[PDB]
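Please find one structure pasted underneath; my questions will follow.
Shown here: the complex without one of its protein chains, the others still in place.
Letters A, B and C mark the chains in the order given here, with residues in each chain numbered from 1 onward.
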């Protein structure tokens, strides 16, 4: 079939998305696994959408959708609230993310023999976190104000970072894919240390440039004074993708850049008392509307990601490695998190921290990166990265997300009473 | 790969923003600014690979159009249609087709091209979109009913302006797509077959259209979905469903989507059935949904215009503007009136001359500008030399530009000097 | 596989061609059906070459190969020898070709219900003749000098003409494919008469223009005086394809044009006694070499055509309609020819003509046009021309060529003694 098949796919996607959201609206079950299972049914079960096409879309979505999503997530948070607990988090992401990634790598490595790189990329994928399916649930069981903040921040920050780790890990697996400066710093200064140097490098660059472009955007809106639709929205998207582009060109993760810009505009209010208020309020409201708009967009993107992930998976590989994946998953949930969150114990009680450690689930970003290695393997051949291992990784990640979301979402309340 | 895409989207959207700025503060209509800026971005700076832009255009040509026409379908009043339904119907069937033919004759006798090619050009330049005229309407206080009938004309010509292109296109491909139209053409000749095919198309499209609209509303009732993002996802879903099925039955999915848009945009009808209580809520929810979609459609519009700007090549358009302008003036001065003269029986002569004269060509042709060239270049069909493609496309560009601008300058003079 | 699969295909083609030619060199059996069967084996039997790829090549070959072949065939004959029997032949081709085409159309029509057009195109395909596999055989059994000439001429002339009929017939089946002037003359003056008017038209145009370009070529070689390789060869090809191009642009069969040019250069010797002989002999020999070269080329092309035809066929359709095809074939052989060659009886005896009528076989051109309708059906969809009918036509043609060549080649000698 021709591009009308793509449209058909689109309709099926959105429709099923709506349906699933209805299920969640009508049943306390999180919408994520519903999305996934729905994708599975709509895909492999009924062969309505083929995996090849599914992936063909999935790359596009993997880019744009994630950009929008991350940007918006950038918009959502509040800098004061994060500054409140700033020292805690930076370590938390940096150490946790990497440590979780590394240890799970070791974890993955044992279950199926693989060069570390494979494991490390697995963890790098599972790196990110998404308690977006818990945030409502927290309010639903009188969860304290304080921790929700730091967790939210953790997710919003680690989402792009998991990618970086992933892109780093992948770059290690395939020579040409690695950017220039990484290659240089690697050959020159080893891979272990090179990873770190490039880490601090691209992080610093990305965040700084993100700030730059962000405030530049703010000033632009200031002078231009665009309070009316749709130019503000268009400008927003253009800005995000700009940050992403430039960021990626300079061998950095443009995702983090855009995200950062989102944080800026989302939490930047600098003005001279000489300035009128006729414009500040207009820009405020404008920003608000644009934000909500992109919230909708990001929602769409999210739905796409989960469902497509659903129709992406190969049942055979899954079932074949069903159990193993499970062990890996629960293992990750109950070992990777607590062990990588140990060095925060000096800030909260042996009981207190246990919650936030044991609670962290895995969602969007890893769901979107599950097919990436497979994508490459299909696109480019490499002995280090077999297609086989691609399918394996993807399957395991699927299981991981499922298990994580389900178990965490289910066992939240029990924790509360049993800890507070 | 995707990096270049990101760059492109960035500069396009940014471009659009800037263009809306300069249009805002200079008061000039935004469209020509769009086209010219796109011109800058593609060929002038050589920043954008024309062919990639062509790919993106291949993307937008269906989806952007679907969305745009859907939202257009929303912004409609069934009542105001009901008032002048015969005027409209006469204007969008007979008038449109006649316009196509006439334009065809023009193109033929100006380029020595085959009449089929000319007719293709006509079909492409059929649809109109005077969204830029509206502010001038409410500003110079043009009579309401006129504005209404013109608008309602556009909303209907946009999708009908598409099928006719697909017709001529299908006529160029020797196999005729092996579709219904092929058969009809074989059993009754191309003319008759074409007519019957048209009627089939429109009929089924509208029936299935209102069908899906109703099914949609009903679905909302049973499901009771009133919140973002569920409602929007639903809307898009329905749109593309309509389109997909539409084309699946060889009918203009665009027409279908538009019709569904009409349904939703004009559905306070089954309100007295259920308690109005929740119904008001769904009404306003639909309203905000519509607004959102309006924004989307605006975006897609920007895409289309700017991309059209970038895709053209100055060599051809220059070498052929000397004739091109003449073609444009030609259609503006001859095609519309001769096609709208049957409408003289209902309305006044002055009113007639006005509504005929004021006929700007907008988005839809721009979206179909590259289409013949694309099909020619891709399918490598013998009847469609690529040069012909460039010719048509350029001609379309000229036409659009000139039409939009002089129509935009017509009003103040055109009103007072006759009405 | 990538374009190396095409190369593989090439090797297989030529190799098997060589093999088959060895068989014919080592066994009196004509090389044509050997080629075909070889193609069948190498194709459908072993799936070494897929039908899709096979056809993809087959279009290319269908063009260029035929051009070269027809051109060379143009070169081969001698104008004096044809002028000897000129009145006989013109009628013979014109009437026979059309009549054979028409009657076989009726013949095809009865065996399987079809609109005439289908039958007419069948006959149009079977139109051409190729006794190239008999020409040696004639010498092998002391066949008289006279008839071989007229038959040779008949083939060389009817080969392009069968195409025209075919292209005409096809054009009738698919609207857009028909050229401009045919369309006009058809709508204006009916299809029956339109066919004739366009026939005389494009024939006259093609032959005239062919002469023009031909002598133009001769003069060019004269002034330029290119006696050395390879410029003469390149120029030859360029000329042929030129004639073909221009011919096709003016809604005429460029094949016939090129062929005609070939006839010209092959048999044109005009010079002033004032002119030296140092150049005439050089151009003579040059022409000779170029001719032989293109003979080789044409041979290659021929091999391609037959073998690819072999790997093109669908065994299922064949077997399904095996018998029917046979009846059609022998029917054609024993009815179409004699009945369409009746009006030459006023020139030769009731016995004499019977030979040349009953002997005409069908070869190259029809072998190359067997897949054309199918080609279109696959490329373009049309209710009048189903893919089904495409496969059918192709199969029937295959059977026809096989049967024709085999039976004629086998039963030649018996005729001689039993008639002379």
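Following the convention adopted for this analysis, a contact is a pair of C-beta atoms (placed from the backbone, for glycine too) under 8 Å apart; a residue touches a chain by one contact, two chains touch by 3 or more.
*Asks:* In the complete complex, the chain left out here touches which of the visible ones?
*Replies:* A, B, C
*Asks:* Among C:204, C:208, C:296 or C:349, choose the residue that contacts the chain missing from this document, as touch is defined above.
*Replies:* Once the missing chain is taken into account, the touching residue is C:296.
*Asks:* Which of C:42, C:97 or C:242 sits in contact with the chain that's absent?
*Replies:* C:242
*Asks:* Would you mind spotting which of C:59, C:275 or C:316 touches the chain that isn't drawn?
*Replies:* In the complete complex, the chain left out is touched by residue C:59.
*Asks:* Can you work out which residue in A:87, A:176 or A:273 touches the chain that's missing from view?
*Replies:* The single option touching the absent chain is A:176.
*Asks:* Which residue among C:27, C:204 or C:224 touches the omitted chain?
*Replies:* Counting the whole complex, the residue in contact with the absent chain is C:224.
*Asks:* Of the residues in chain A, which ones touch the absent chain?
*Replies:* Chain A touches the chain not shown through residues 174-177, 180, 376, 379-384.
*Asks:* On chain C, where is the contact patch with the chain that was removed from view?
*Replies:* Residues of chain C in contact with the hidden chain: 3-4, 7-8, 10-11, 13-15, 17-18, 21-22, 25, 59-60, 63-64, 67, 224, 226, 229-231, 233-235, 237-239, 241-242, 244-245, 248-249, 254, 292-293, 295-296, 299-300, 303.
*Asks:* In the whole complex, what residues of chain B lie against the chain that is missing from view?
*Replies:* 1, 3, 49, 380, 382, 386
Rule of thumb we're sticking to: only the chains that are shown with their structure count from here on.
*Asks:* Roughly how far is chain A from chain B, centre to centre by C-alpha average, rounded to an integer in Å?
*Replies:* Centres of chain A and chain B (C-alpha means) sit 39 Å apart.
*Asks:* What's the distance between the Cα centroids of chain B and chain C, rounded to whole Å?
*Replies:* Chain B and chain C have C-alpha centres separated by 51 Å.
*Asks:* From the C-alpha centre of chain A to that of chain C, how far is it in Å?
*Replies:* 66
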